Amino acid sequence: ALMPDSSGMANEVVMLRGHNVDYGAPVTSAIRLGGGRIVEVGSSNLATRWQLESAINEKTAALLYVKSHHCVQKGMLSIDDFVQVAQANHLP
Amino acid sequence: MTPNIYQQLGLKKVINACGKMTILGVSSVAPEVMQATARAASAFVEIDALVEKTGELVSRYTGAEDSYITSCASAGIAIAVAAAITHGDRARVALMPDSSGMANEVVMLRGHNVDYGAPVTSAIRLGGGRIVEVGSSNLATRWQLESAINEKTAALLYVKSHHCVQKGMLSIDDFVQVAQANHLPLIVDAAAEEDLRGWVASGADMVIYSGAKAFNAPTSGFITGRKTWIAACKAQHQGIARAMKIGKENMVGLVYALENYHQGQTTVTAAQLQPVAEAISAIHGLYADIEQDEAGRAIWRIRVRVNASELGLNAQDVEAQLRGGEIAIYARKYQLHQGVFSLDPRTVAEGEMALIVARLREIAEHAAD
Amino acid sequence: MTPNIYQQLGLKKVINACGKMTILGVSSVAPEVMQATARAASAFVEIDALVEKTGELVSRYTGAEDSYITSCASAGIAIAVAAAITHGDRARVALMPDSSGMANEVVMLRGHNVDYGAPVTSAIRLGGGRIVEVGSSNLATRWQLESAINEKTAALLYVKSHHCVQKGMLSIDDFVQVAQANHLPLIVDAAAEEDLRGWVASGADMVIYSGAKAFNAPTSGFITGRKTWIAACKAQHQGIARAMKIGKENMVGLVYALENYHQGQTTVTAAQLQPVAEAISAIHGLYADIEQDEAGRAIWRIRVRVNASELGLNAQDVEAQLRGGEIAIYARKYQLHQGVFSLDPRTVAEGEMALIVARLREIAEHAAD
Amino acid sequence: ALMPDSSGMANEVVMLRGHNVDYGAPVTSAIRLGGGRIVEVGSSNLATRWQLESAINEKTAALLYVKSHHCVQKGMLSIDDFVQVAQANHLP
Ligand SMILES: [Cl-]
Ligand SMILES: [Mg+2]
Ligand SMILES: [Mg+2]
Ligand SMILES: [Mg+2]
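Protein chains in written order, with our numbering: chain A, 10 to 101; chain B, 659 to 1027; chain C, 659 to 1027; chain D, 10 to 101.
Among these hints, one or two may not hold up.
[As the list claims (entries may be wrong)] Residues from chain C that keep clear of chain A, each with C-beta distances beyond 12 angstroms, as calculated: (1) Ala688; (2) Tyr719; (3) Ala749; (4) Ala752; (5) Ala761; (6) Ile789; (7) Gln802; (8) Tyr919; (9) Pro933; (10) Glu949; (11) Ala966; (12) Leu969; (13) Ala1022.
[To be verified] Simulated pairs of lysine-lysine, DSS-like, Cα-Cα distance not exceeding 25 angstroms: (14) B:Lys892 / C:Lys825; (15) B:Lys818 / B:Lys991; (16) C:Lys825 / D:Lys83; (17) C:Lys671 / B:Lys711.
Simulated from the structure, these hints should not be mistaken for laboratory data.
Cβ atoms here follow ideal geometry from the backbone N, Cα and C, with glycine treated the same way.
Whenever a hint applies, use it, and build me the whole structure from the sequences.
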């Protein structure tokens, strides 16, 4: 009943900066409607796994992986990197 | 050959057939450029007078009103951002990079937030800037760039690099129109660009180049642009620019490197590389031919393809034995999965081309080993 | 005479008889050192291997576990402070100098907060540090140093320079005991110090020297000390150290300058300066004699007394003509109000002494005409 | 009557860092007893006139010049620099 006012909760959505794409509307809009706050990982051309691990903290709510031709392909982390990092920290 | 100075220090002789790579020292300086660098290091000079003269001489090649030589392009980004936030004010220069109460936002495209070995935000943050990204990674509109401007905005940044996403981004003209409409300085990051005049001609207030990268200079860089903003760049010498120091030897070296780049540019034609490609193709299991850039750029390289069945080793192991040998020979390994390695002759010195084919002949003999 | 590289650029010829002044280019590099620098710039090298080797070679002079070459001492201060805050962690390296939320306090004596052309706090602030001053400008106590240590403290800084106040300050031993008792790294700023082993052996974790100011090297510096903290210094290459870049040519130039410093350590004697003082005294109204420094070091200068009534110009007018002439001759102007200017021969090249006595004779003729 | 509490008043006392001396008790303790807030100008070896002028603002109450052998002598601003800055900003 409080959404999208996620104040005082773990509300950070960790995703790759190269996956913050626009499909006619920015993907951050749908994430913000769900009460999430964007935490972008890595640069637009390079993204290392330790950057994904470093974004996980006490306020992280979930990890987001975007599969689309809009996203940048090279230099990004695979889906398995997100599976392992999310499983290691027990995050959806 | 006679062992170079790195062999006398106990290190491997490096033959760079890959490009202007930072892991190999970026570039190789011309001997006559180092002669001017050596003479500058062996004599004293009024630094303030040298800063004015070198800025004038660099500006002769760019077309800007004034210039300021830095230690590198990353230093040029920090100084240019600091110049936009401090406006040259000595008290504000002393507080850098702490811009807690000032307009310190640097507006840039999200698709330009790239990593050139170090994130570009690190250089901006050293200049007291705060990142304000515009648009998505695949698309950016003009109203998004206009909307990011506010009272806390200090400058606009445009990054020119292959690291940036190319499609769906805004042009340099959009940044010029938004910057001048809000009376804000536009900073352009053209570190690896060999075009000295194109970006000052775009209307940008400050353009940053890397002397080592683009012009085979000793470790140096320079900010070029409008005189009022370059003056604000020089004011950082009593602040953050003291830690990003460049001495009298490399300031002079950059000037003579620009002169040498202006009076040369004779490249390796496809007819010069054919005798080398036939020498590599004479080896069993190797087939070499001349190739141009994908974008039609006047750059010709040696495309060497490896046959794993005939040679006995795949292209990955040939590239590993080239780098891992007693002479470290680095080649382009983008298409290494295709069984192909290319040799860029722009960074290859005279006689080193014969050393590459000699090592390739030795790798073929020891493939049965 | 043959014009130097700066006269060909339209600048004055500088005869430095004043000392290692930053406004004159700090220092003059030996020719055999620039020969090493020139070869290093004309060849490529595995940078990862060069950083390890140069750190190993520098560690032999300082006796430390490891060393790391920087662009300057100001860069070394920022890198050492960033190393103490980030501990080498790649996530914290990219956040610098934004150390918000981390232990970022750099504890130091208020009497060590000096300005060497740029305030030392600027270099510390570039590393993400926040200043915590201890004691007064005339007195500092040990309990003041221990009280300043808290959970947000990251490092302790000791500065050795003539700019610092000398009386009433704490000793280096007090900083070593407090730093190790709280398990904190101790940073020592010995930029212009020629003692390469004394500060590392005192227990300091990171000691910072200026290669240019102390050893007549090309623009370079180096941090030396514990292997773990030097490793945290190298970790900044993906962060703030990218904007403080030093290239392979000046890395090698620093190593050969440390070799050229230990060998052929030469000091001009008083007997060598007496023929020059006799020539200056042959001028009407000028008397020149050799004077040793007040401390008693092996440093002798040519003290020149000016008689305004007999020459027609006071010492201040002569010093202005020495800098204002066609050849910019810089001399020590501290005793200028007493009718005295001194000539320091340590930065005077061969044949430049005869040019000084020739200019002085020309000044005397233009005072009697 | 509110002294030494000067919370809502112009209470900053501008002085040189080289003059912040200890004569058995720190001079800041006496300044603080009168409700003063210490504002240090310049480094311990050099103090330029623009540094003194930049420390002056609406919350500045007075300028302090300490004459003592305990103070740093070289690189400091003279008494004439303090008088002129005080007259230009209408401060005691
Ligand atoms: Cl300060
Ligand atoms: Mg980033
Ligand atoms: Mg301006
Ligand atoms: Mg005589």
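Here is how each hint holds up against the structure:
1. No Cβ of chain A approaches the Cβ of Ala688 (chain C) within 12 angstroms, the least distance being about 42 angstroms, so the stated non-interface status holds.
2. Under the 12 angstroms C-beta cut-off, the non-interface status given to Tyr719 (chain C) relative to chain A holds; the minimum distance is some 35 angstroms.
3. For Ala749 (chain C), the shortest C-beta to C-beta distance to chain A comes to about 4 angstroms, within the 12 angstroms cut-off, and the non-interface label is violated.
4. Distance to chain A contradicts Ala752 (chain C) as a non-interface residue, since its nearest Cβ pair spans about 8 angstroms, not more than 12 angstroms.
5. Annotated as non-interface, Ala761 (chain C) keeps its C-beta farther than 12 angstroms from every C-beta of chain A; the closest such distance is 17 angstroms.
6. Every beta carbon of chain A lies more than 12 angstroms from that of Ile789 (chain C), the smallest distance being close to 28 angstroms; the non-interface claim holds.
7. Residue placement check: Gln802 (chain C) keeps its beta carbon more than 12 angstroms from all beta carbons of chain A (closest about 36 angstroms).
8. Non-interface status of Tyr919 (chain C) relative to chain A is upheld: no Cβ of that chain comes within 12 angstroms, the nearest being about 41 angstroms off.
9. Once the 12 angstroms rule is applied to beta carbons, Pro933 (chain C) is consistent with being away from chain A; the minimum gap is 65 angstroms.
10. For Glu949 (chain C), the non-interface assignment is confirmed: its Cβ lies about 61 angstroms from the closest Cβ of chain A, beyond the 12 angstroms cut-off.
11. The claim that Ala966 (chain C) is not at the interface with chain A holds, since no C-beta of that chain comes within 12 angstroms of its own (minimum 67 angstroms).
12. Distance check for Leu969 (chain C) against chain A: the nearest CB is about 68 angstroms away, which clears 12 angstroms, and the non-interface claim stands.
13. For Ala1022 (chain C), the requirement that its beta carbon stay farther than 12 angstroms from each beta carbon of chain A is met, with the minimum near 67 angstroms.
14. With a C-alpha separation of about 36 angstroms, the suggested pair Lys892 (chain B) and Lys825 (chain C) falls outside the 25 angstroms cut-off, and the hint is violated.
15. Restraint check for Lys818 (chain B) and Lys991 (chain B): the C-alpha separation of about 24 angstroms stays at or below 25 angstroms, so the hint holds.
16. A C-alpha spacing of about 14 angstroms is found between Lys825 (chain C) and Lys83 (chain D), which places the hinted pair at or below 25 angstroms, so the restraint holds.
17. Of the pairs offered as hints, the one joining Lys671 (chain C) and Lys711 (chain B) holds, with about 14 angstroms between alpha carbons and a cut-off of 25 angstroms not exceeded.
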